[PDB]
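Asks: The primary structure of each chain is shown beneath.
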Amino acid sequence: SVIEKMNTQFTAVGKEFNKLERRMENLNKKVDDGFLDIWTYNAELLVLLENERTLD
Amino acid sequence: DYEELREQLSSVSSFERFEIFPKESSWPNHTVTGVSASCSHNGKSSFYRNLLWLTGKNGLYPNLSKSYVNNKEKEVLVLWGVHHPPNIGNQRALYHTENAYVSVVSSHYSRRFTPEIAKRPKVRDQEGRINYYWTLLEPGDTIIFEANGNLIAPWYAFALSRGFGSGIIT
Amino acid sequence: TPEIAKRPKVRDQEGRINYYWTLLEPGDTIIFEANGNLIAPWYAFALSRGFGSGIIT
Amino acid sequence: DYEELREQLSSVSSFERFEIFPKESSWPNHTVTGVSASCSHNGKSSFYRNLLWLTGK
Ligand SMILES: *[C@@H]1O[C@H](CO)[C@@H](O)[C@H](O)[C@H]1NC(C)=O
Ligand SMILES: *[C@@H]1O[C@H](CO)[C@@H](O)[C@H](O)[C@H]1NC(C)=O
Ligand SMILES: *[C@@H]1O[C@H](CO)[C@@H](O)[C@H](O)[C@H]1NC(C)=O
Ligand SMILES: *[C@@H]1O[C@H](CO)[C@@H](O)[C@H](O)[C@H]1NC(C)=O
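Chains as they are written, first to last, in the deposited numbering: chain G, 384 to 439; chain W, 101 to 270; chain S, 214 to 270; chain R, 101 to 157.
Chain G on its own, in the form it takes in the complex:
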């Protein structure tokens, strides 16, 4: 289940931004940091809860 739940990352590799696209860069960065913190949170939380549940 844990393995099946992840969606293989056939997604954007990365993007470059111009000098006058700082808000777009920051939006992209916010999106990446947001998703990264959410998935780090979910990945670690899933593992911590599943590990506690597994040991229980």
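Hints are not guaranteed to be accurate.
With a straight-line cut-off of 35 Å between C-alpha atoms, the simulated DSBU-like cross-links for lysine-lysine are [claimed, not checked]:
| id | chain 1 | residue 1 | chain 2 | residue 2 |
| --- | --- | --- | --- | --- |
| 1 | W | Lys-123 | W | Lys-144 |
| 2 | G | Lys-402 | R | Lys-123 |
| 3 | S | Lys-222 | W | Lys-166 |
| 4 | G | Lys-402 | W | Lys-123 |
| 5 | R | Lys-123 | R | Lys-157 |
| 6 | G | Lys-398 | W | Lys-219 |
| 7 | G | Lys-413 | G | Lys-398 |
| 8 | W | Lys-157 | W | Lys-222 |
| 9 | S | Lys-222 | W | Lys-219 |
| 10 | S | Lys-219 | W | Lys-219 |
| 11 | W | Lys-166 | W | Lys-222 |
| 12 | W | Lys-172 | S | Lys-222 |
| 13 | G | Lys-413 | W | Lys-174 |
| 14 | S | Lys-222 | R | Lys-157 |
| 15 | S | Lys-219 | W | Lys-166 |
| 16 | R | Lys-144 | S | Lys-219 |
| 17 | W | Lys-172 | G | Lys-412 |
| 18 | R | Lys-144 | S | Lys-222 |
| 19 | G | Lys-398 | W | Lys-172 |
| 20 | W | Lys-174 | G | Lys-402 |
| 21 | S | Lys-222 | W | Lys-144 |
| 22 | S | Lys-219 | G | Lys-388 |
| 23 | S | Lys-219 | R | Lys-123 |
Derived DEER-like restraints, expressed as beta-carbon distance ranges [claimed, not checked]:
| id | chain 1 | residue 1 | chain 2 | residue 2 | range |
| --- | --- | --- | --- | --- | --- |
| 24 | W | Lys-172 | R | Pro-128 | 27 to 37 Å |
| 25 | W | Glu-216 | R | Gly-143 | 20 to 30 Å |
| 26 | W | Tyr-148 | G | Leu-403 | 15 to 25 Å |
| 27 | G | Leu-438 | S | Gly-265 | 31 to 41 Å |
| 28 | S | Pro-215 | W | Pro-221 | 34 to 44 Å |
The set of hints was computed from the structure by calculation and includes no laboratory data.
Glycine is no exception: its CB is placed at the ideal position from the N, C-alpha and C atoms.
Got chain G sorted already, so can you dock chains W, S and R with the ligands onto it with the hints?
Replies: Here is chains W, S and R with the ligands on its own, set in the frame of chain G:
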């Protein structure tokens, strides 16, 4: 790119205002005048503190050509304006020409502007407008700044010291 | 249009060339005209699309 | 739109380079010259492989 500038200034922790072209000695053949009525100070007609609205002197507005070399370790924010008169007669009045343009170049960009004269709805008692433009000049970079009229030249351009956690709130 | 200006010298040049591009759809035609300052295409290319690919440094 | 082009090329798995207007026969009244000093090849002044800097003839 006002919204972009607000974002660039959001990470500035401090800056150094510099005189870039501050005096009659920087501008011996141009003067600072033009419409001041709507940017008054304590009831007196006036102009922006960090910008020099240049008009011709003694009937002339010589091709303007100035440059600034960023011989500092910091990035320099340079603001400029371009004047867009309400009428052709108001451009001629400042000794700017019909074929006026502003050309700003640095090692990483070039932008050319022309006036767009038009009657506008009157805002703050003005039928014309001034557009404002800007760039961040990297250390060691140079801006070559030219005009054939309608130029509002920089003054108190500034060095940016960057940091984080800062920003703009209302 | 050209924007002639003195630039800071970069790689020994005081001028510049801007680069522009388009993706032409099958059956589409590009009409290409100039009165000077044109750097014409050569080795334009057909694109075969796929996924999972991208650019990394 | 360099950043946009980098994105368009990110999904290209392959391509076919075509001569579009490759020769003097495509350009009988234009030639390829102009400043080549800064795009040298092994010390010789030159021009981009996929672009023809045309000047008058
Ligand atoms: C002002 O104009 C005179 C006469 O054309 C010229 O010699 C002088 O260099 C100009 N000043 C500056 C700073 O360019
Ligand atoms: C400053 O704001 C006041 C708001 O009451 C306005 O009346 C005045 O004209 C403004 N002055 C300038 C120079 O913007
Ligand atoms: C080259 O110029 C001649 C003379 O104007 C003209 O007849 C000929 O068609 C031109 N070549 C091409 C490919 O247009
Ligand atoms: C290629 O890169 C080298 C880096 O040392 C540089 O000296 C040379 O001028 C470059 N040549 C071209 C055609 O860009």
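Asks: Hint by hint, note whether the structure agrees.
Replies: Hints versus structure:
Between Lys-123/W and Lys-144/W, the direct Cα distance comes to roughly 21 Å. Compliance with the 35 Å bound is thereby established for this hinted pair. A hinted pair counts as satisfied when its Cα atoms are at most 35 Å apart, and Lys-402/G with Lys-123/R does not qualify at roughly 38 Å. The suggested pairing of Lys-222/S with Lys-166/W holds, with an alpha-carbon distance near 16 Å, which does not exceed 35 Å. For a cut-off of 35 Å, the pair hint linking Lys-402/G to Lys-123/W stands: about 31 Å separates their Cα positions.
At roughly 14 Å between alpha-carbon atoms, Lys-123/R and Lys-157/R fall within 35 Å of each other, so this suggested pair holds. A distance of roughly 42 Å separates the Cα atoms of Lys-398/G and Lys-219/W; the hinted pair therefore is violated under the 35 Å criterion. A hinted pair counts as satisfied when its Cα atoms are at most 35 Å apart, and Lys-413/G with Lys-398/G qualifies at roughly 13 Å. Of the supplied pair hints, the one linking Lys-157/W and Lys-222/W holds, its CA atoms being roughly 28 Å apart against a limit of 35 Å.
Taken as a hint, the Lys-222/S and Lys-219/W pair is broken in the structure, with Cα atoms around 40 Å apart against an allowance of 35 Å. The straight-line distance between the Cα atoms of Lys-219/S and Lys-219/W is roughly 33 Å, inside the 35 Å bound, and the hint therefore holds. Proximity of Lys-166/W to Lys-222/W is assessed by CA-CA distance (about 34 Å); at most 35 Å being required, the pair is judged to hold. A distance of roughly 19 Å separates the Cα atoms of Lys-172/W and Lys-222/S; the hinted pair therefore holds under the 35 Å criterion.
Restraint check for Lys-413/G and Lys-174/W: satisfied, since their Cα atoms lie roughly 26 Å apart, inside the 35 Å limit. Under the criterion of a C-alpha separation no larger than 35 Å, the hint pairing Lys-222/S with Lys-157/R is consistent with the structure, at around 28 Å. Straight-line distance between C-alpha atoms of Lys-219/S and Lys-166/W comes to about 11 Å, which keeps the hinted pair within the 35 Å bound. Among the hinted pairs, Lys-144/R with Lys-219/S is consistent with the structure: their alpha-carbon atoms are about 26 Å apart, no more than 35 Å.
Restraint check: the Cα-Cα separation between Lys-172/W and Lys-412/G comes to about 29 Å, which is no more than 35 Å; the hinted pair holds. Taking the CA atoms of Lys-144/R and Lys-222/S, the gap is about 21 Å. The hint holds against a cut of 35 Å. Between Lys-398/G and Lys-172/W the alpha-carbon distance is near 31 Å, which keeps this suggested pair within the 35 Å criterion. Straight-line distance between C-alpha atoms of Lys-174/W and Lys-402/G comes to about 17 Å, which keeps the hinted pair within the 35 Å bound.
As the CA atoms of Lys-222/S and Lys-144/W are separated by approximately 45 Å, the hinted pair breaks the 35 Å bound. Restraint check for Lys-219/S and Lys-388/G: not satisfied, since their Cα atoms lie roughly 58 Å apart, outside the 35 Å limit. Between the alpha carbons of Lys-219/S and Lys-123/R the distance comes to roughly 33 Å, so the proposed pair stays at or under 35 Å and holds. Taking 27 to 37 Å as the suggested C-beta distance range, the pair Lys-172/W and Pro-128/R does not conform, at roughly 54 Å.
Take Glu-216/W and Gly-143/R: their Cβ atoms lie about 49 Å apart, and the range 20 to 30 Å is violated. One distance hint, 15 to 25 Å for the beta-carbon pair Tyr-148/W and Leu-403/G, holds here, with the actual separation near 23 Å. Hint check: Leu-438/G to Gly-265/S, Cβ distance near 37 Å, so the stated range 31 to 41 Å holds. Remark: the range hint 34 to 44 Å for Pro-215/S to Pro-221/W is upheld by a beta-carbon distance near 35 Å.
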